Amino acid sequence: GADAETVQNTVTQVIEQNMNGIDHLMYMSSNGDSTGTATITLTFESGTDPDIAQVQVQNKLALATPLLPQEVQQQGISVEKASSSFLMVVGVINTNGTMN
Amino acid sequence: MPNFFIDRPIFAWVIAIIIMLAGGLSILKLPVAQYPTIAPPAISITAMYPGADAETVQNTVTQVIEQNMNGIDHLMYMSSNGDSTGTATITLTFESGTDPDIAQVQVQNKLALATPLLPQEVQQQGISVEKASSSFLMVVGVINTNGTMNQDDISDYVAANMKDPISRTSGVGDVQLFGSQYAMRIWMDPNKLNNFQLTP
Amino acid sequence: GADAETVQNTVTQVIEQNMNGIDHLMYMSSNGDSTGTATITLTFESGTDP
Amino acid sequence: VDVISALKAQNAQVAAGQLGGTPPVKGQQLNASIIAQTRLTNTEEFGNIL
Amino acid sequence: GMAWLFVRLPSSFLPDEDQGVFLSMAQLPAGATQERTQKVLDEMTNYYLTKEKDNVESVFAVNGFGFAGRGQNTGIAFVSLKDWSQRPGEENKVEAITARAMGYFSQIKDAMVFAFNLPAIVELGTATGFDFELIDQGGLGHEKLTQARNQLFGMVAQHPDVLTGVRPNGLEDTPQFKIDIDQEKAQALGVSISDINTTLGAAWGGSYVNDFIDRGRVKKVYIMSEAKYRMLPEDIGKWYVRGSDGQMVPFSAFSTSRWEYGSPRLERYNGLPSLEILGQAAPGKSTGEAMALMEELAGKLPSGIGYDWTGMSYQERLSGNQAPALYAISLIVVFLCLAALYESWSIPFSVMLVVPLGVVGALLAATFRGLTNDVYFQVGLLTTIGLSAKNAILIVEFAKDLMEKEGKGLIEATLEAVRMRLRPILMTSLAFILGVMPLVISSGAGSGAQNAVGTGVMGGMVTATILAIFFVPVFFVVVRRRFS
Amino acid sequence: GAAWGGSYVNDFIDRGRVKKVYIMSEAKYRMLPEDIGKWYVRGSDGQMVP
Amino acid sequence: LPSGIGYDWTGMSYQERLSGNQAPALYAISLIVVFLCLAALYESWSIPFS
Amino acid sequence: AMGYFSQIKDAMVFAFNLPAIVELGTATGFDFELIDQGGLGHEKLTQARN
Amino acid sequence: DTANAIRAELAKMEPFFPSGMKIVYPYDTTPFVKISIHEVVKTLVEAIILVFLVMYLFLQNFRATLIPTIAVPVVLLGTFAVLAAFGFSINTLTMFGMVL
Amino acid sequence: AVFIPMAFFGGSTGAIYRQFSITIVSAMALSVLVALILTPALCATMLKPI
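Chains as they are written, first to last, in the deposited numbering: chain A, 51 to 150; chain B, 1 to 200; chain C, 51 to 100; chain D, 201 to 250; chain E, 550 to 1033; chain F, 750 to 799; chain G, 850 to 899; chain H, 650 to 699; chain I, 301 to 400; chain J, 451 to 500.
Isolated chain A, as found in the complex:
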């Protein structure tokens, strides 16, 4: 339910103020929209081990988590070392047309 301003000022700034000390960090971008979702993306230099980068980012996020609103924590913060483009889309269709 939070708008863009609330999302930023209560989640994104709080998290990104603790995103320091990580190694091989090229640049960091983050955005929060009206649907209530905050998305912080940290790009690393080529050749950086994704597992170690995720570990360090997770450590900083664990430091910054208790300052976040309870609702945000209950919804579940997720950290993913994934690409940007979709590898594949697996659509599901009901041929009978009975289901919705």
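Hint data in this document are derived by calculation from the structure and do not stem from the laboratory. By construction, the Cβ of each residue, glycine as well, lies at the ideal position given by its N, Cα and C atoms. Mixed in with the good hints there might be a few duds.
[Unchecked claim] Here are the simulated BS3-like cross-link-like pairs (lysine-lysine), alpha carbons at most 30 Å apart as the crow flies:
| no. | chain 1 | residue 1 | chain 2 | residue 2 |
| --- | --- | --- | --- | --- |
| 1 | E | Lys734 | E | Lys777 |
| 2 | E | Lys834 | E | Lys631 |
| 3 | E | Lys588 | E | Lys602 |
| 4 | A | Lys110 | E | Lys769 |
| 5 | D | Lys226 | E | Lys769 |
| 6 | E | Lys777 | E | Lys588 |
| 7 | E | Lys693 | E | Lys849 |
| 8 | E | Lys588 | E | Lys600 |
| 9 | F | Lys769 | F | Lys787 |
| 10 | E | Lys600 | I | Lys334 |
| 11 | B | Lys192 | E | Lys787 |
| 12 | I | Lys334 | B | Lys163 |
| 13 | D | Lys208 | E | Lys602 |
| 14 | E | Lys769 | H | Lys658 |
| 15 | I | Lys312 | E | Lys631 |
| 16 | B | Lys29 | I | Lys334 |
| 17 | D | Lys226 | E | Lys787 |
| 18 | B | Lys163 | I | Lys312 |
| 19 | I | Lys334 | E | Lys768 |
[Stated by the list, open to error] Some chain E residues near chain D, calculated using beta-carbon distances under 10 Å:
| no. | residue |
| --- | --- |
| 20 | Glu584 |
| 21 | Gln621 |
| 22 | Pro724 |
Add chains B, C, D, E, F, G, H, I and J to chain A, keeping to what the hints say.
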């Protein structure tokens, strides 16, 4: 072999020139430093017990954490300190040549094992596992030549505009601000509170 | 002081649903018993770094 | 429930700050941390809880 | 003589350098306030900028922050010197500058002020010298441990010829203000314990309530009492808490106060309570001598009080312990390579009998220049092993060939080899000697390391040339006669 | 918040799986600015105040 | 743009700025090394030019 | 598709093909972040963008 | 490298400073590193010059003395190539090794 | 000498060129190894006298 190059001087010259060319190209790309990576890696574990004396910190958090930390691979020695402010810092120094990333991962695993035994108060604060150093590489100070801004204004400007980009610069392990960010300070007056029958 | 059904529905299902994104995972199994303990075991591939 | 409430309230930690803490008054000369630990250790202190 | 010199050569890890900067610290007595620390820091800055104005470029004093231990009674200052060009002579170097500073800083009478040079491995430690760790191995307790430390300083002060600037790396026991909350009286007055704790904490230590947006940036919100109500034990009574009846009741009604003395920063080393001690060797003494004296002194402490070295001292002890192995393994490897190459056991033995000739020269070079047995010297010793073996090869290999290919006699072949191979030996030897000559006579920024690298191996070359050019024929002739 | 943005109260078990429970205003009552006045909050005295 | 308004390049724009076009230097090195190899092959400094 | 969509559709419709390397976008494209260094605010930043 | 990156970042920050603000550098160990490297390289070239004179003293012929001097750049540059291959860096220790 | 230097391209594209460089260099090395030992053996046996 020497006779072969005695009869063929241009071959020897070519070999030497190729070696020299490779050397120059390597010089162009080679990094420069005072010393190589000599110091043993260190991992720091920082936990806070708000409003706990030094004696309480040692007994409640540091002793528990140290007990579990024993047994990590390539551990050289440990050290600890519990401040009156409640902060507990466990520094683990590993044998030289150890990969610091794997060391940090193992330290995090052991800390996760030892966390439930800790007081709930220190669990709420969040424990930090970070690669540690001992000495400052550089100190960059900021002054206002006009003599217009006190230390608070300079420190707040630094904390708001310079600390983070430097903190995220490549190779910057840690940045300490010799000042303090601005904060909305509310300075209460017990006489007025009592007069209005209010409490903090 | 929780039964098997309580332990499952309140701990094990949640943890299993949020165990996504780990690498080289072969299978996971879990259980909950009358004592109140939920034990979730994740088994990884042979070459995985523990 | 009342027993739980009393037990939760009884033991805690107080961040009591310091005497002469920063920012200090001009001329201050003594800075001592304040310790107010109303903690219960043995059985009788727990039994004595109101 | 080589053995005698090697035994008597003092040891150290890495030479100190003049890096253009040095540190300083101030440790006011326990319970000191921020203002008293600031006065001491101002005195230090004034000294730096007036008595050393020609050498000191700028001073950056940081009150309330220390290298080990953070408190109102501590402070540090980063001192940056002028450019090396602007500071000529030995008097204008970090060693002499800090020596002059300590002379003034030892008369402060208000604090313990120290100025020290940076360690060679800046990542390893914060200061040059050693890192002693007094350890309570017998569970004696904190009070005994500080008593043991005080006795150790009493012993140390009796040897100012070796140890200098020996200081603790922690915070002494400080007075503490204890407030006894008589909960039953609070219940009688109808005041919640949570209210008491919240009021006291927010009043005297501040409370981080929540955040606020300042020019678009998330900043904290704190509440704390005004300063003048937060200074004296009397100020406890000024703070009122509301009872359930709605009547304000002072803190004096349900609480009492008392003074105690407890440590503000407790330390543990390898799971045992410990006190860290920092210090330096006196001028004209090496770190090894200081460490040996520290171990000897710690021996005389009461039982149950152990000790250990950490950081730079740990690495230095490790180097000292591993050296002999390195030497033995290097000698064995060289011997095996010689045996494989020349297909003999006599030839390698005769060659290896030359290594002492180079080693004694390396030791004499360090002894004359007053250098120590650093890691660089160890590297040099290995280089001298190589060089002496090289000269022995240049003679023996040519001598061996004549005995086989031309079938000459033992003495005749040796004389011919010594005559013909004299000039190449001198050429290579002088080439190496003048090669490391710039290191030896260097005096600049990195002169400390360059002298250590060059001095040891240079004299080794001169003796592996002068002595070996005469002794190698003896070794070759004697060994061949016995066919050993 | 619960009326106009939906609130996630707790979980429930659906055909063996743990699924969330949400409360929200019915669509027709949170569509226009005028729909604000339809919502009432109960005071201390027990009276509904718009 | 008015005071206080900075800028920066991200993504591909960022990646292009750091990457320098070393191709002419690399090709020059390749030509030189090929000439040297040819000189070694023919035992002549002139024949390679052909 | 772009010809059909852009001419008719009231909204901005973009049919496009992913590049060979997804990260490296259009060869001529660029990403230009306009950063508010001085803490001016969203309104002033938008004015600067305009 | 980190010192240079920090200085570049400070250079980027400087235009947005309010009037009168100034960045000072009251403490920095990088100048010592640069001067020490310069000193060791000066020592190296002095060593090369001194070695040339020693051989020329015995050989007493420029062309004859030039032959061993040619062996210096080839060996040194080969050493630099080897250092690059195995990931070593140009530090005072490698420079001391080359001087020896 | 023609194909090795393109391996040392800098930047993001450095790996792209390194793939071609390594592939072609390895292919040429194997080719000359085969022509040195494999093919001459085949020529002696397979080729009927002409």
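Out of the numbered hints, which ones does the structure contradict? 13, 14 and 19
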